[PDB]
Amino acid sequence: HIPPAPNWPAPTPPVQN
Amino acid sequence: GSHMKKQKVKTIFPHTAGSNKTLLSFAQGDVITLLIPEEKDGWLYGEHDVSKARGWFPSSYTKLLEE
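Top to bottom, those sequences are chains B and A. Residues 526 to 542 (the deposited numbering) are what the first sequence spells out, left to right. Residues 336 to 402 (the deposited numbering) are what the second sequence spells out, left to right.
Careful, some of the hints might be misleading.
Per the computed footprint, the stretches of chain A lying under chain B, defined by three or more beta-carbons under 8 Å from a beta-carbon of chain B, are [to be verified]:
(1) 336-345
(2) 367-377
Selected chain A positions facing chain B (in silico; Cβ < 7 Å) [what the hints assert, rightly or not]:
(3) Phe-348
(4) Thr-357
(5) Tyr-380
I should point out that these hints are in silico values taken from the structure, not numbers from a laboratory. All C-beta atoms in this analysis are idealised placements derived from N, C-alpha and C, irrespective of residue type, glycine included.
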């Protein structure tokens, strides 16, 4: 069984060229 | 492929749990296999190939292997 998700949205990688 | 039938994603930066237990950690260029047919609010659930660890992780820290 899959565990419960957190109370916040997932983060993102750095913004680079 | 042609002799295989497993979907994957490839990571593009390292990840860490910091203050949690349900978060999958990894490095850049690692291989992770999906465990759900869709993501949850930006979080995917997967199993790492090298560590064989499981957990939620940001889908955006990975890209489709076969771009």
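Results of checking the hints against the structure:
1. Chain B is given as covering the region 336-345 of chain A, and this is violated because 0 residues of the stretch bring a CB closer than 8 Å to a CB of that chain, at least three being needed.
2. Only residues whose beta carbon comes within less than 8 Å of a beta carbon in chain B count, and the region 367-377 of chain A has 5; three or more means the coverage holds.
3. Checking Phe-348 (chain A) against chain B: minimum C-beta separation of about 5 Å stays under 7 Å; hint holds.
4. Interface restraint check for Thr-357 (chain A): the shortest CB-CB distance to chain B comes to about 5 Å, inside 7 Å, so the restraint holds.
5. Interface hint status for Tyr-380 (chain A): upheld, as the beta-carbon distance to the closest one in chain B is roughly 6 Å, under 7 Å.
In this structure, only the earlier hint numbered 1 is contradicted, and the remaining ones agree with it.
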